[PDB]
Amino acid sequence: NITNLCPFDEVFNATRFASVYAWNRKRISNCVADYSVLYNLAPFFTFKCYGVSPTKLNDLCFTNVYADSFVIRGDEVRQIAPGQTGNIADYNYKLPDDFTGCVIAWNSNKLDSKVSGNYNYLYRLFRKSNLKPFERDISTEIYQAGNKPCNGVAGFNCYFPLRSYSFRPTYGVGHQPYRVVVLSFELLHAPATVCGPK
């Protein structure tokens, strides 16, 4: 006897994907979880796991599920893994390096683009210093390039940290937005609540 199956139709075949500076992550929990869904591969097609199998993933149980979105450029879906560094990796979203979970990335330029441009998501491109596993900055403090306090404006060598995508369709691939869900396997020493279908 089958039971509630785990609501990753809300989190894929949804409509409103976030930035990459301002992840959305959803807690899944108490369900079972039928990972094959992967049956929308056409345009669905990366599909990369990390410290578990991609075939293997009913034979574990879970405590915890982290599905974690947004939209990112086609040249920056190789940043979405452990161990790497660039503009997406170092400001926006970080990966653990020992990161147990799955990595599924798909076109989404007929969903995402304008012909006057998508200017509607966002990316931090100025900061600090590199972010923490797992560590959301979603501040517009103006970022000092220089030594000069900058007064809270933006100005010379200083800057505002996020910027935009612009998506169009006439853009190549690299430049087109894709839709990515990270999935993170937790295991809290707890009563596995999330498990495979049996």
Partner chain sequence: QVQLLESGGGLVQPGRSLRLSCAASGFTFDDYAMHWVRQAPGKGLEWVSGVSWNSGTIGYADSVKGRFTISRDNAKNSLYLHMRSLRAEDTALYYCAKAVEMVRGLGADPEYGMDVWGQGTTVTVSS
The other form holds:
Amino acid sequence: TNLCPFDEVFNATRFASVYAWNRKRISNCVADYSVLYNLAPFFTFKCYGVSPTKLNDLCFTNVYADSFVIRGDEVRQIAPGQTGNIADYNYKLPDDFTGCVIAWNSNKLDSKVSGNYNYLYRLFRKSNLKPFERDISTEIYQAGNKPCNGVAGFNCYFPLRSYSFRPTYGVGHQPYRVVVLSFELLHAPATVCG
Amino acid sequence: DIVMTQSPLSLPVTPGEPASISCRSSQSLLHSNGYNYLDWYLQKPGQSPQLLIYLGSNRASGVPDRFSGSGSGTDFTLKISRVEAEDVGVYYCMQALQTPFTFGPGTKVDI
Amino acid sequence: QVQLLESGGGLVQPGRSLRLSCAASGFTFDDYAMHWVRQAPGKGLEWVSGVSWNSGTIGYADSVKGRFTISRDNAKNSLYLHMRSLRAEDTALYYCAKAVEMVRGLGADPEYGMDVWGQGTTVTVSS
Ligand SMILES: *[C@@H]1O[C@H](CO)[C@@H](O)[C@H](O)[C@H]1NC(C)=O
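For comparison with the form solved without its partner chain, provide the form deposited with its partner chain bound.
Expanding to the full complex; the earlier chain stays at the top.
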């Protein structure tokens, strides 16, 4: 009957790149999800599969919290059955998704005056990802037919590129933190409730 | 982009006396909490370095009570209450506030 | 007992890549912010990069910014450091150190206190 360590997820000072999205597993706690339901900052609260008011009286075996930071206009890709750089190469949700997506604009900390280099988004990949698949590999994307051997060049591209999040940047390009809640049910006792 | 200096650059110590070393910064490291973020580290020659003091003056774990840390603002000092035969090497002071972090040029303590 | 083992050293020509790996064994790897610190040959230490508890990088050194790329993996307890645009001035030892204060144990999250240090590798570059 301890409180789920949610704050450490949403209030973290550092979030992971969308290509290297972080995953916090939750267990054996009581989650007052209402705590984050009472906050206007978390405006974007697109949830699929369940109503938030209803699930506060529900129980699941495990809950997973995936977090990363994306661009302002690229939040939509965080939804089941979408396409783009993010959903194809970085963070794909399955067609049959039964959790929520929370996203808000962190322009005060996720942005720099000199431009930030702490954020990368995978741009090239030979194949689209599988639901919840993670790829941190940084091997050159061979688009031509001559091997790249590990140096960028013609038809040889280093995959990750860095977002130039800046304070004066346009909303569509202003920074954005995303928290993705998955809820699973299995034969194991439900250790997460409200 | 913080630059730190140390003094004296190199001092000879003899076993059985205290010694004092001063680390100076450019911007005062007083955070909103009221804690200084400077750390003192000893890199013994021929062995990986080891931690001495963290959080200004809070003594690290596992080291004897012969070390003392003091100071604030832009000036901090480390004093060895009693020096012995196993206190020779290099000393560094590292910022823990405005990233990136930095390490001083290093003080060389010998016999 | 706590163990930090690094691997990846070896002579490589200028203008290539490398992938150093540091593996931790003996503690909850997700409550400690790791750091990668170089050590030039016969000189003082120099901070290179780091990573917080949530896989969020904390910036690189001013003179190295542009090429190095850090990454973490809590599932395999592994921290990795991809290196690009290798030049002659990048020959040094490399230690992977761990923070002291466990997260949420007391203002903000902790990042200081490189206490436990593995024996670094011996990366070198020449032609
Ligand atoms: C995060 O911080 C906010 C503002 O202080 C607080 O209301 C909330 O309980 C904390 N935890 C969450 C929901 O991240």
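By rigid core we mean the largest C-alpha set that fits within 1.5 Å across both forms. Residue numbers count along the first chain shown, from 1.
With the rigid core aligned between the two forms, the listed residues 173, 138, 38, 145 include just one Cα displaced by at least 2 Å, namely that of 38.
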